[PDB]
Every structure is written in C-alpha cells, then in structure tokens.
Amino acid sequence: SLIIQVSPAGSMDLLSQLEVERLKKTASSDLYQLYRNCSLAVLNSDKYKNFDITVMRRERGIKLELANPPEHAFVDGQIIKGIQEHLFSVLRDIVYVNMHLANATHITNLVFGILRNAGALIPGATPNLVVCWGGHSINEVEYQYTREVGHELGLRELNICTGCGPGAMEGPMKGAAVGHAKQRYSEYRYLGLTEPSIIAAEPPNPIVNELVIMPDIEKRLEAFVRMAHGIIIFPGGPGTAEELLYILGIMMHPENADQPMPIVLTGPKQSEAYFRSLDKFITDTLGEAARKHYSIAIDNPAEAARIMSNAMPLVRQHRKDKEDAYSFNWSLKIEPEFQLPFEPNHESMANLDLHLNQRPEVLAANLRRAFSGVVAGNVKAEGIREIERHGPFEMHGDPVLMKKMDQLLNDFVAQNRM
Amino acid sequence: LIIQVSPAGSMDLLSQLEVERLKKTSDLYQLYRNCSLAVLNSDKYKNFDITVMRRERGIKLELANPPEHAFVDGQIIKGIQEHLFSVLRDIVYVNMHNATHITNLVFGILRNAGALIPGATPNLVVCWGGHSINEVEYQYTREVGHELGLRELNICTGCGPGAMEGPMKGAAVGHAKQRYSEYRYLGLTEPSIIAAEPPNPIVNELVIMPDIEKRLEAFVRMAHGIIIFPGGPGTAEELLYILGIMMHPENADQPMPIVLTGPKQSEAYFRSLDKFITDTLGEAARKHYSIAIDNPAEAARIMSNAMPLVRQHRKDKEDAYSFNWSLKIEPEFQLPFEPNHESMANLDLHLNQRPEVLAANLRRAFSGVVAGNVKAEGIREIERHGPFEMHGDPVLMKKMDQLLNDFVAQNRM
Amino acid sequence: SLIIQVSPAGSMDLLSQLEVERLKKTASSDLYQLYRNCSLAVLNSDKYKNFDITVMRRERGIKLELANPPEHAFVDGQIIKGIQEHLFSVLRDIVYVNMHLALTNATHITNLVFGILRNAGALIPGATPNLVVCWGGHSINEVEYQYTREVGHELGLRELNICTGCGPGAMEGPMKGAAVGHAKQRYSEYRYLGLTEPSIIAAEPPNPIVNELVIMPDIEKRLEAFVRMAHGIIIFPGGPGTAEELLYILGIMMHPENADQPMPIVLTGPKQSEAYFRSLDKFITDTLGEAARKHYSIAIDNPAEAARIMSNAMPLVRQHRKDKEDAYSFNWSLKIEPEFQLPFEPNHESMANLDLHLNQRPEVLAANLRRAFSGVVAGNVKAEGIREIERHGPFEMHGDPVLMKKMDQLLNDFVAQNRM
Amino acid sequence: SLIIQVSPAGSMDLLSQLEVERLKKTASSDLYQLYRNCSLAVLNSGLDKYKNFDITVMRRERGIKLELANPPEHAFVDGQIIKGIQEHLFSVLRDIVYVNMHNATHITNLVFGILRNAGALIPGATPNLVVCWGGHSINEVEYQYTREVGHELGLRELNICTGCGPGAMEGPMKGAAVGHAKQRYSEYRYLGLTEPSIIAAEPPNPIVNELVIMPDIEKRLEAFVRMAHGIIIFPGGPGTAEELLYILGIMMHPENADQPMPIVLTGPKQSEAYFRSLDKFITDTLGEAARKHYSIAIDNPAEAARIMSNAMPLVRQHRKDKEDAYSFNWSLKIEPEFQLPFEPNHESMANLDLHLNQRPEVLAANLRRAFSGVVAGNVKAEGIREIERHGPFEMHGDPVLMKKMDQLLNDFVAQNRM
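First to last, the protein sequences are chains C, D, B and A.
Read in order, the letters of the first sequence are residues 5 to 49, 61 to 117, 126 to 441 in the deposited numbering.
Read in order, the letters of the second sequence are residues 6 to 30, 33 to 49, 61 to 115, 126 to 441 in the deposited numbering.
Read in order, the letters of the third sequence are residues 5 to 49, 61 to 117, 124 to 441 in the deposited numbering.
Read in order, the letters of the fourth sequence are residues 5 to 50, 60 to 115, 126 to 441 in the deposited numbering.
Think of the hints as simulated: they come from the structure by calculation, not from any bench.
Please note that a few of the clues may not be correct.
[What the hints assert, rightly or not] Okay, derived cross-link-like pairs now, DSS-like style, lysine-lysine, Cα gap no bigger than 30 Å in a straight line: (1) C:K28 to B:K345; (2) B:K403 to B:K28; (3) C:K96 to B:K343.
[What the hints assert, rightly or not] Using C-beta positions, here's what the derived DEER-type ranges look like: (4) C:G147 to D:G147: 25 to 35 Å; (5) A:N83 to C:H87: 52 to 62 Å; (6) D:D281 to A:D34: 37 to 47 Å; (7) D:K343 to A:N83: 19 to 29 Å.
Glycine is no exception: its CB is placed at the ideal position from the N, C-alpha and C atoms.
Given only the sequences and the hints, what does the whole structure look like? Please build it.
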C-alpha cells in the first residue's frame, strides 16, 4: 500500500502510551473503528475499506501513518494543511472524550472540558462568535446568499461557529475568508463542530481552522449554544429544524428571559415562502410567545451580520452582570430535556410525547427529538439500518400538531432539503 | 462627514519638510488627493479633501467628506486605511526623489515599500487579465486564485475589477485552507489609472508606481511566474511587453513560466491570440509561453514547479530572489509613452521589424488604446480630436484591427 | 486594607466552578491553606498572618484578589509581572493535581508527572533538545555564586535553556547569567523553568526571573520531573539537597537498561571548589564504586567547558530519542525503578529503617543514600520535619561502619562550609 | 587566511549594485577604509594587530552576505560569531550606506533621517527611553552601581540609549537584561550610538540590540538629546563631561524651560566627592541658574530609575502640548553653537572662547568643545596625530575657569578615567 506519513501540524500536545493504546488497530476497542471512520471522513471532504491509520508517538509528538488515504485530500501530492490539522483535532478529541467517561452538571461540565481541551474557549476573548445554522442541501441562490452573509460577518470581525459538510455549513466561511482578509482580521476563527455518527455524511472543510468532535448531537447542540454570542439561521431541512427548536425551547425558559443574544432567520428573497411557513409552524406549535426570541431578515446579508455585531455589546454587558464568562454561557439554563441523548428507534420515536398540551419548552424538547429522529433516519448508519430492517419511523400524539409537523416535513421534501 | 484615520504600524514618521509639500496649497496635493480619493472609492465628490497631520505617534489623516461605501457600520475598512498610508508613503518617496536610473528608481520604490523581501524564496505569480470580463471568465479567475493559494503561491497583479479581482478572492479561500497566513496580495497601480481601476481592500500590499512602464518593469522584475487570463488592450499590452523582453537573445535562459490560461469558453479568444502573436512577432515567439485552457489546477501547478528553476537560475547569476536584476530589458520598453494623436500616428508599426523592436511598438500601440479609453488626459484629447489614429504596414493594421474589434465584440472595452 | 487584583495576560486557562469549589476556601481547609501558602511564598521572593488570596471566576477568565501581600513583590506600587505569572502557575498546578486521582502504580506516578508538566505547558512537543538541568547549593559564597552566574551566561550564549530548583544561591545565578548571554544571542524564546513543591517553596521561593514555574506534589515527583526533562545536567557545589540529587541521578544512570542514555552530567565549580569535588567524587566511588565514574565528569574553573559539553551533546540526545522512538521533551525510555519514586516521609522510624549496608547492587545503595540526604534536608528546612528535631531530638542513622564514617564526614563538611 | 561568511537574518534590506560598488576594496577610498574600520571595531568588541583584516560585501540571492577575511576570532563562541555581533555588522553597512547616499534645519533633518532609516524611531511607541551617560573607564564599585541602575530601569519597563564601549556604557544593559526578563519585557530596546572616529576605542557590546552609526560626535549628541525621555549621568571622564555641558547648555535656553526630560546624576556612595566636585564645577561656571536642570541621587539605584519612570507621563503630556512627536523631540531648541562640528587641533582649541563674560549657554557650548578636544586627543586617530605633530592642546581663558577645568581634568587622571 501507499503509506503517507503525516507529521504534527498545528500544535498537538504530547500523548502518553496509555492515552493512545485504545487506538491501536487490534481487538476492535470499537475505538479504533471509530477513530478510523472519523479520520477517513476528514480525508474525504465501502468506498475506502483498505484505508487504515496508525498513531505513532515520536520525537515531536504523534506522527500519523495513513495507508491508502483518499487521493483528493491531496494537493500536488501533499495533504492540505487544513486537513492535517483536522486529523489531529480528531485524535485530540476522541482521546480526551475517552479519558473522561467517568448528571446535568456532569454533561455541561463535560461539554466545557472538551471545548477547553480543544482550545475552543479563549480566556481573554471578548464576545464576537456567531453560530450559523442552515441546510446541507441548498440551491445556488441559497448558497451564494450564505457566502454573502459570511462576507458581511468577516467585514465586522465576527467569528463563525457552525456544523460541518456542504451547503450552508460551507458558504459563510468562504465569504468570511474574503471579508476577514479585507479587514486584516488574521485572528479569524472558523469553528466546525461535528460528532462521530454524522461526520461521514457532513465532513469538515479544510478551511475550518477549529474542528471539534463532540460525542453526540445533544452535546454538540449544547456546545453551539453555550458558545454562541449570536445565532444566524438559514433555510434548511430537518437538522436545521432541530436546531431552531433546540434553541427556542431553551430561550423560552422563564429563567432565560434576560439572555440577550439574537437569533436571526435570514435567507435570500426567494426563500420568503419558506420563511412565512417556518415562522407559522413555529407560532402554530410553540405559539405566539416564541416570536419574540428571533427576527426574520430577508434579502440583506449586511442587515443579518449588523444585527449580530450590534448585539455583541449587550451580550458582553449581560455576562458582566451575571459574573459569567464571555466564552461559555454558564448561566444559561439548559434543562435535562435538552441534554438527554436521544437514540432514535421505532420505540423511542413512538414514545415521543407530541402534545400542544405542554409548556412550550417541553413541547420544544420533544419536537427537537422528533426532528433529530428524521435526520438519524436519513443520514446516520444505525438509523438508516433501522429504516431497512423496519421501514419509516412512526410518530403520533395531538392531531393538530401532527398535521403541521407533517406539512413541514413535506415542504422539506418538496423543496429538496432532504 | 469628517473622519480621522491612524496608521496601524503600517507608516513611518515624516518630517515637517516632507509633509509641507502636501498642504491643500498645486501639483502634489492634487495628485495625492486624487490617489487617496480613488482608494476610498473602490467627479461626484469634489467636496472631498484629506489633511496629513504629524502627531505624537506619527501621521493621522483627516478625511473631509469621504465616500460612504468606504465604511462598514461607520468605520473605514481596515484595508482601505492601509491603502491610504501606502499612498502617502509612495507619493512622498517619489516626489522626495540611465536605463540604469529607471530600473534603480523601480527597485527603490519597491524596496521602500516593503515589497522586496530579503530572505524570501521565489513564489510570486504575476497575474494579468481583463478588467471587464463575464461571469465565466471571472469564476475561472477565482478558481485559479484558489489553486495558487493551495500551493502557497503569492499574487502580484494590477488593481480594479475583473481579472484583477477574482484571483485574490479565490486565494483567500485557498490560503486559508492552507493556513498560509503570510500570504501576499501585491496590487501595483499608477496615478493616472488608479481612479479607473481602484485597489480592492483585500490587496494587502498596494504600491503606486510613477507610470505604466515602471509598473510593467516592476511586474516583470518581481515575477517568478506569470499567468495571463483573456483580456483587452491593457492585457495585450502586458503580453507584448513580456514577450518583447523574453525574446531578447540574452534572456534565453530566464526560466519564468508564462501561462495563458482561461475557461473552455475562451478557446477561440486564445486561438485568435496565439495567431495574432506568432503572425506579428514570428513563430520563434511560441517557445516562450504556453496555453492551458479549462484547468485551473494545471496553470497553478506550472507556476509551482518552476519555483525551483527560478530559484536555481537566480543562484547562477549571483542575483536576488526578490528582484530580477539580470533580466535584460531594452530602453524602448522603459520610455514613458504619453500617448496622443501625434505620438500615436508616429509609431513604427512594420512587419519589416525584428520582433523585439516590433514588440515594443505594439506595446506602445496597445498602451494608447488603453489611455485613449480610460485616462483623463487621454479621454480629453481623443474627444478633442477624435480617434487616436494608427499608421503602419497595412497587413498589420487590418489584423491588429480584427483583434481590437474582437475586444469590442467580446465586451472587453 | 491592602487589596490588589491580579489579572492574567495569557497562560491562565478558564476554570469551571467545580474546579474552583474543590479548592474549598474555608478555614479548616488544609488544601486552601496549602494554596494560600504556596501563593504567599511566590510573593515573598507567619509574618503575614493576614495575607489572603481569592480566586475569582470573571468574564475574561480567573482574576486573583490579594489582601495584604508582601511589599517587596512591588515595583512602584505594581506586582512584578514574573510574580503575577507565578501566582497563576500555582493555581494551575494545585488545581490540576486536585482534579487527578487518575495502571501499575509506577506507571501512575510517571504518568502523573508527565500530566502535570504537560498541563503546565512545560513540554513543548516541537522543541529540539536544549534543556540543561542545574543543581547546586542554596547557600554559597560569592565566588561560587559568581561562577554559577558565569556558567549561565555561557549556556545563554549557546542558546540552551535552564531547568532548576527555586530560591537563592546556585538556583539563582545561572538564570541571571543566561539573561545576559541570551540577550547577546537574540534568543528571545529562552526558558527558565523553576520546579518546586509545597513543602519546600517557602524556604526556597521562585525568583520572578523564572519564566515557567511548576509546583510538583513532592520532592520525589520533582526529581523525576527533572531527569525526564533534562537533556543535560550541570552540578555545582552544594549541600545535602544537591547530594540527594546527585545520588538520585547516578543511581538511575548506573542501571544497565540506562547505559545508552546519552545525557551528560558535569560537576563543575570555581578553582577553590577543587577540594570539595575531590572529596565528593571519592565519596561517590567509595559508595557506589568505580562504575559510577563513567557517568559524570568534573570541569573545574571553566564555565565555557561545562556549557560546551551541554551544547555538543544536544544532537546526540536528539539522535538517541529517535533511536528509541521516544519524545524530545520527555524521556519515557529512561528507566527509573520504584525505589527512586516511592515518596519518603522522614521521621526516626523511617531514617533508622534505611538500608545502608555494602551487600546490595549500587543502584540500590544510591536509592537509600538518596533518602538519607533527603531526611537531612527535611529536618533542616521543612515544617513537619523541623518538628521531629524539635519534639523528638535529631534524626538517627545506622548501618555499615565504613559507609557511616564517610557519610558523617560529608555532612560535617556541608555544615562546616556553611552549605547547611 | 581565514574566510568567514556572514548571512543576515532579516534586519537588512536589499541593496543595489550602485550602492555596493561604493564599498569595493580600493587603493584608498576613504569609504572602504571607514566601513572596514567600523566593521573591525564591532568584531573586536570584547590596530595594526588586524592589518590583514578585510571585508567584502556581496549581493547574493537573499540579500547581502559579508565575507570576512581574517577577522578577530577572540569573541567567537564555539567558532561562531555571536548573533548580536552579526547584527551590528549589518547595522554598520546600513548606516554607512545611508549617510553615503546623503541648515540648522538641515542638520536636524539629517539626524532624524539617519535615525528613522535605522529603525530607531518607532511610530507607535510611548515615551520610555532613558539615555545613560558615564565613564568608559570605571572601577568595580561604579560598574556594579551602573548595573543595578540598569536592573531598576528594566523592572520599570524602560529602554536604554547609550554610547558604545565598556564601563558605564555596558553595565546598565546588563542589569536591564535581568530586570526586563523579570518583567517579561521582551520588546526591550538597547540603543548603542556611536560614530566612525571613536568606534574602535568604544566598541559596541553584543548585548546592544540597536546599534546606530551617526556621522560625528555632534550628530550623536543631537541624536541623544532629541531621542531621550530622561537622562541618567554616572561618573565618568572628559567624554561624560562633554555630554553634561552639552545638555546643560541646551536646557538653560529660555525656550527649553518647559522641557520636562529629567536629568539625574547618580553614582554609588564612594562617588560622593566626585559629585560635590562636579556639581561645583557646573555651578561655578554656568552659574546657580544651572542647578535647576538636574538633580543628584547618590547611593540609590531604584530612586534614579524611579525618577525616569515617574516622568514618562509628563514627557508624554508635554509632547502633546507642544504638538511634537513622542520619539523625536523636534521642539527642543538647540542653538548652532551645539550643532557646528568641531574639528579639534591647536588653532581651533586656542580659538575656544573660555571668557568669564559670555552667555552661560555659549560658555557651555565652548566647554562642550573643550572636552571634545581632550577626548579627541586621547582616543581619536586624527586627534592623537595632532598630539604627535605638536604636543598637547593649549587652551586659555579667564584664569579662574582655567584652574577649575584644570582641576577637573587632573581629577579625571587621578581617578583613572582617562
């Protein structure tokens, strides 16, 4: 085989044998297969079953031996540096997560420790991080619009925190690269968060300069909202629904009523119908109270970014008022309903409680779980495989809710978002 | 509107003597004002003025009614700020200062501006191409830029829209994937073109040369490779310049790659140019460039694989990596053309000429086409007595004429 | 009301509330007390009954609030910046050891050592070997001080880094000498690593010139940290604390599995320390035997030689670590047997129970001598150990008669030459 | 013959052939000899001795390389030129070349341009530069005192600007290396100014990190006093006396009355006599009106440094009040008598107006000249040849002044300062 050796890139710390011993290609540990599949997914921005990776503890730290790596990670026979660093980010995070399996508090403290360990939480930094959410499968006008928003974020020296993969997860950073270079903002941060079961489907771009691999969707979602100083939401499908519900259920909590921090739904003029309908689904379900937590801004990349930028002062002053950190919103209340890992199967979906009856937060947590199940069914290994052994996932409850959930899901199919 | 602008370690101190030259007093102030205005506009702004202030930490600039599009939520974009200081810097250097003299002036200007990096290895790619180009050409330029960025190559080009713009936008993306934080985007302009082709703020090294010929020389002395995209008379000028120079029998060993490249749609444009080039300069010319269509990677890869050759050849002439002293450029490439009806009419355009002399006159021919179109003084004189008229042997005149018509036909004008 | 807030610049990481509350700021809290004390000692480089320190979680990270810190930590009303950094290193290391009750015990210890050091940023993965460990007496005459200053200068001119204990005397001259040699050589990435431990840091506080302080949990963990980071070791004249160090490394380096470890050891001093090194060397060979001799040399009256031996070995240390597939910054392949790791708690049972007889592999006699000297130190300068002297009488040692003779002479020399 | 090549790092620009050819080894272009002497003095830090030394400037692929034919080897470390020495060699080249490519106003603008070209005037910088003056020839007690002052300067994050050479010219940078490292002040600045006719007698220490070659003693004096933020003066001989009279003569000008740069004479306890005597020289000659421009701090390194430090915000406020630069005191008034270069011979020395009856400032200007000639005849090439051709320089004037000057100069000899 072709052995490509990769030397340590952007500052990985030294590791002990103990830390790397579960990644040896042996028994399974199942840890090796998980480490392998993440690393292949990163080299990849049945197809590659003869790919392998070996971790070697050497004089300047770990060197990676790649056996039969994807040939498009290469530029003129070299591995793009961005992709190098990503391979080391995957090693760092699988390792930390592994030394730290040993409750709400546990989870939030874990999410903190992972992000601090990845260098994602910068001590003296002042608020400027915008989470951007949006669909992986979007047409050209939609894509160009996310590029322009990211350009307008760059011009204002804002940083981007986003998921990984194509579509809306990739437009903003490319726009930002140009907006940033116009402002000479060389300290830009492009954070892509992923988790092992979605990374193959939605692989990170090399332009991402801070890849962090969370252990599951729930913890990644927690990461996103604890770090966000502002959120921009583009049109998307089920995964983007999930995210919106996640944040609205949290922001409707009575204890979060003072959390400044804007949410801006934005998209180009053609996504007007998309937005009237999503906005209606929201207010037809969680209800009217929810409208106050986001705004809609169509056809104006600059107004989007400007709303993030102008909020940074309020965010910052709010964290001083709680005596909270800038980088991690510890005082945000996130109830266990939003943390509980959801494993989607026919029983767990069918056990979802979907009633207009409930307090809007608890209703939002259930729907979050609902959307997450549609995603898992669509893109994840185990989720797809349950939709093969048993056909589609089934859900029920309130007839009023089921009608509209159903409607939104059909719009997503109709609009090619699935 | 009144805004002040302070430098960010991008501006040396100046004495009162240097500055006094620049009070709203007048040759110098005017040129410095119009250069600075242009930079903020990347006619309609006659109330604009700028005041150079010497202050406790050096220069502050005070801006009277500066163009609103220079601003993002009411601050001036940092790159434009840097360009205002590059302008000051270069105006002062030049107007505070024999083929030999000219090249030594070009050197001094680039050195003074930081654009010649003593310890650096060759990776600067000169990029030439049209200012007015279609979506598909533009997109191609951006992909080439992306491919140059992925290979840690630096860009040096003119200013303004079109092909002067897309390659840096692409590189920003390719350099970022590559963590090439040290990238260099050199934009060379000159004061009577700057307003028409204003520097984008993404340019992080703007240099104002005295004139077109001095920019041309700057381009070719700093290039370690050249990539030429489809363009108009401006591009046709640059191409005649380099090939003119490259054909000099004492330049045979110079290994700078020259690549004409474009999208698949520009195949006919290119065949038309290869023709119109070997016809005028004769077949021996083709040995000095190549053509790569529909492949942004190959064009950036040829640049990349010649860097070790350029590096070795410079080491063989005990010559600098940053400045090609050893390249031989004859005085007919250097002489600053002020194109007018008279100078234009007067040009030796004759197949009868050995290529290099011919090149240099083509160079001037195309230069006055450009100046006839965009410069103030040109736009005045070709409106005061009509077409700058051209005279030479008639096979040339008609086939030089096809190409000029193609430019128009392709909206390159 | 003298109350001063200290900010970090960089190199304080964020902490969680869990982390900060585990400090237990209370009054009966032994941990906090140990934290308060290490932090007092850093500002002092009992008389300060009312010194207090508070750790605040703030928007930009940790800020510290000092109530009644000592006055000499101040230059015109401001705490010297090296000192401020010192306080955050203290907090970093107390907290990291506290969150780690994290194999085969020997492995747990070395991995703990590696963990503390790595967490402290003291193990730079990319760095080429250039770290020289310097050991030497805390109480030395000006001729010796001046000699260690001049070695430090020669180490600086050759762009080597220094790793050393904390406090006065030979723990201090070399860094001052290196500041000069490094400035001359434009080596701005110089590293002055000062290692200490809670129970000695008050007696031997860190000089603000140390740019990486690390607080290890005990004396044995620091000894290990020194030998695993060392690329080279220089040993100046010293007392029982320096003899401990010497016997520790020689014990280790005589192990056949360590035969190929190329880190040089140079005992060096001014011309007038010749009788000193005559007797030290004879004592090494008398106890550990003549095999000990191949592991060190002695360079008298020549600072440039001692540095040049360090400097010229660095490419050998380099080649050797790659031959062992080991790291540059941390020597995992070096073998250190448990008797060099096991923490010693000096009292009369423990001192009397030492095995000081000739009939044992020298590595093992080394290991026992290491604790003997350790006990002399503790009794001399540590709180708990100064009390056994107080409330019991002086430490009692027994063993092979010829060995006790030379060991008593050595200690009497130390006392005589005012090294203790 | 031993050839050593020198590579620059950064901190040397490219030069043209027009620029280099000026320094080819020629029969005797003064320019080669002077570049050569200057380069040889820098290698000698630490005369027909190195008659077979030569240096060749080469234009090479990364800029200039120097080829040393038979340098002094006595200061090499393990066969290599200490990096600070290599930088000095390129500082000499830079400065010989700049002056060789180049009326009160003209003199000042020249000083500015040489300093500007040398990197020695940093736009952004807040006032923090302390000129230290002091004897090249001093005992261990005095030397140790200068080092502790340098230490107390570094503790306060102040920079040092000084003459080159041994004694009080090196001690302070040595204390400052320790003080700065304690304070983590990595951006420290140690400016050593010098000029071609005295550089061999006072060679730059490699610890200097900004060597500047001024063209003559007067332009160095001007550079000193336009750059300074404060001035410390230690005991010294006729070169330190020259400096003291220079700055006093300047600071008594009516127009310089608001110029707030402090001047502090300081020394160890043993220099008390020296100072009583120096202070009465000053007051007997320039008058009581002189005492107001300095003070005297004996036996207290911290207090001298603290006076400089405490004065930085005052210097800052004054430059803004006079609308002047922070790095270069354009508004300070220096009369032509302080600028005009003085070539010491017997005529020019005899011509000195040392009359009792004269403006104090002008007396100080002629006393400045006087000591400059005493220095020139002790250490300068053309100065001694004048001594060799002719015997000692004869001065005359008001006889009371003459016995005092005579007393001070005899004291210098007595005290080992000549």
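Hints, one by one, checked against the model:
{"no.": "1", "hint": "C:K28 to B:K345", "in the structure": "holds (19 Å)"}
{"no.": "2", "hint": "B:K403 to B:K28", "in the structure": "holds (24 Å)"}
{"no.": "3", "hint": "C:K96 to B:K343", "in the structure": "holds (24 Å)"}
{"no.": "4", "hint": "C:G147 to D:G147: 25 to 35 Å", "in the structure": "holds (33 Å)"}
{"no.": "5", "hint": "A:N83 to C:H87: 52 to 62 Å", "in the structure": "holds (58 Å)"}
{"no.": "6", "hint": "D:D281 to A:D34: 37 to 47 Å", "in the structure": "holds (40 Å)"}
{"no.": "7", "hint": "D:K343 to A:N83: 19 to 29 Å", "in the structure": "holds (27 Å)"}
The structure fails none of the hints (numbered hints given earlier).
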